[PDB]
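Given next, in structure tokens, is a single chain: the form deposited in one PDB entry.
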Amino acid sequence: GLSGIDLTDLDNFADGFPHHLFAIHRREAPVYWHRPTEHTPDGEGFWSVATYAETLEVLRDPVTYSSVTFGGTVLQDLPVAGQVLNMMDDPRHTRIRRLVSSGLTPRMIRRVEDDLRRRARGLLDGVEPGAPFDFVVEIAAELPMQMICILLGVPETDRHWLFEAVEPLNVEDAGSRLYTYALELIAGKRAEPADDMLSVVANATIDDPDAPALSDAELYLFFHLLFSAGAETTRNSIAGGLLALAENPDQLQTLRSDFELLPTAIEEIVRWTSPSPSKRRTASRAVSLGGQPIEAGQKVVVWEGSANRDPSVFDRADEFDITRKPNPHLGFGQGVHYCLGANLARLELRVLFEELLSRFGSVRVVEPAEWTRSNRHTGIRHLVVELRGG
């Protein structure tokens, strides 16, 4: 069973989150030492955590399970190793998280909502009914990218040009373009503050020596990482949502008939899709997790993607149900690092599906979904659909 399963082998992730591997994991060893293979980061083994109770226990103890432990086009050769908020512990984490939260202003969130609703309408009004198209390419990717650019204060004219560097053309040039751009943007917001999250965070000076404000290079890292990954997780929830609804047409009809069902439906979409299905932590001290001793310094990987289908907590865990109650999913994390984007993601999903379902009661997926090759993101690269009134 587990002894021949390699969770670092991305071939196991190329076709979607491998739920069947995680059923084995939960049954055989909730908490398991995963020896390093040819495919494993740093040739370092780790504790792999697949059940809900133990995953939640790790998330809820940031003192024992430290978040101090980048792909894409992110610059790999900066002179200094910056931190990003999700890799911080207290005291610095608390101060920076509070700062980022203070950047999520009501006026800016209204701007996102208005822009989303306009764009969602524009895009859906442009669909040719019944004609196949790639939902990811034409709609799902666009809306969160615009949201994340509004949040980070990126002028509209620069957004797709930036998205090309974030998601390509070579890695060096991409990263260099983004670093220059980010640093110009930061400089501009310091000279003329704007009502956006990046401006608030960039303009901060903190007097605690153990909790300094973000450096310029750290602000670039934050910009790049959140742009890429906040856009990606959100689009994956949208695309995976459409797919789940298309595979359960009776629920689609129920939902489209009563938008008061949408908030609960959105929680089930996040549970089902679990776009960010794994996290790293490092044990800071000897401790036991589910009766397994762990030593200080050892890596821990929790799998929310597995926890969210744990049959000890979710009845009929392997079925999608838009009316699921209760639904204590971990799709947005839990504890001190809980997703600061959770309401933003849910807004994206709510507006898109309201606009989509108002117009189309028939959703057909006409080619197999193509999944991205990753165990850090569960995502759909292409989803070819036909939308009709129905």
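Each form is matched to the other, and the largest set of C-alpha atoms that superpose within 1.5 Å is called the rigid core. Positions refer to the first chain, counted from 1. First, how it differs from the form deposited in another entry.
Once the two forms are fitted on their rigid core, between these two forms the CA displacement reaches 2 Å or more only for 76 among 76, 102, 288, 257.
Taking 2 Å as the criterion, residue 146 does not count as shifted between these two forms: its C-alpha moves by less than this amount when the rigid core is aligned. Annotation for residue 240: C-alpha shift under 2 angstroms between these two forms, rigid core superposed. After superposition on the rigid core, the Cα of residue 219 moves by less than 2 Å between these two forms.
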Given for the second form:
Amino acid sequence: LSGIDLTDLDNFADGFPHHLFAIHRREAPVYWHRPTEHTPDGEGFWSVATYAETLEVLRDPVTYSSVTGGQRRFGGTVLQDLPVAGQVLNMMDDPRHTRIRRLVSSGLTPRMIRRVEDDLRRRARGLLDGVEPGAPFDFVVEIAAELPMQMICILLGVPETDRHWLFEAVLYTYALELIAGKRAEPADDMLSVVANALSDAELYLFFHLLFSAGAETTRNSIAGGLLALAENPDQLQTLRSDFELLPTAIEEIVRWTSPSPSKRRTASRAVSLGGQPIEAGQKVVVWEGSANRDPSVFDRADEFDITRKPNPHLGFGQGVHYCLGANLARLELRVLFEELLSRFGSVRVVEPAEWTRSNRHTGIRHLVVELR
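Beyond the form deposited in one PDB entry, can we have the form deposited in another entry?
No partner chains or extra molecules come along with it, only the chain itself.
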């Protein structure tokens, strides 16, 4: 561990480095990672690689704050200190977090869910209908990105005409206008619900939180799922032959892909974690991408198994900040794989996957496939 820099992004250029986290889990489940030239803020942090200790952190939001602690001016939930701490739902503590989470949730109505589902089924059908069997194409650009971006446009009440403003961005001006329109005439969408309850800055952070959940996190689960099934063709065949297995399979996709593999917190008081003495103000990073392959908890943790049960993965978090979009993500994955696997039992990856170079997101930038 002394020689491994978890802030050196070159270690993440080829995917999540499971082999380095095996070392971390074995040698030091909780340890103090000194800063290097790559480390945000020039400051060390506690690094947590195992499941039980990761959950200890997640389940104690008072001790392990999503805002700040000690004399630290601001923290948040990424390793770099950010002044947006406190001002966006994921970087918020109680009592404000409970209120705002209730407000956001109030906008995820049964009708919105059906609106998303109806659009997703039509769109996924159309996209998969236009695939040329056996012809190579980039699955990330042509399919994986499109579906969840349209979902988030529907949640945010972005008119169909204006969705180009969002896509081209993967903006501020358009979002502020969209925000002012909804204050003017409230509309039946989540951006309207939050805008008519907050500053424009807070609204824009919310906007980007969800644009990120779709554009990035959900897209990455989709592409990663296709790659995992491509690597496990026997499992692909089993799954396509009985979609009753799909909900269980989707959970394994999220555990395996862990698209959001790390979180930061800030200790608010002295505390002992994994036998280590944490001080008020210090940064703690948990690695759900490592917890999710902890062999203390998951049998054959380094194998993809679409039947895995139980599957208590931390891919959508755990506790008070648990992913509000978890079921939307599941719905995207379910519909996409129904339409894809109904059509195609052969998935060949024809160039090596190109990964995003990040320790905050595990994502595939390009995945060139042929479907038959």
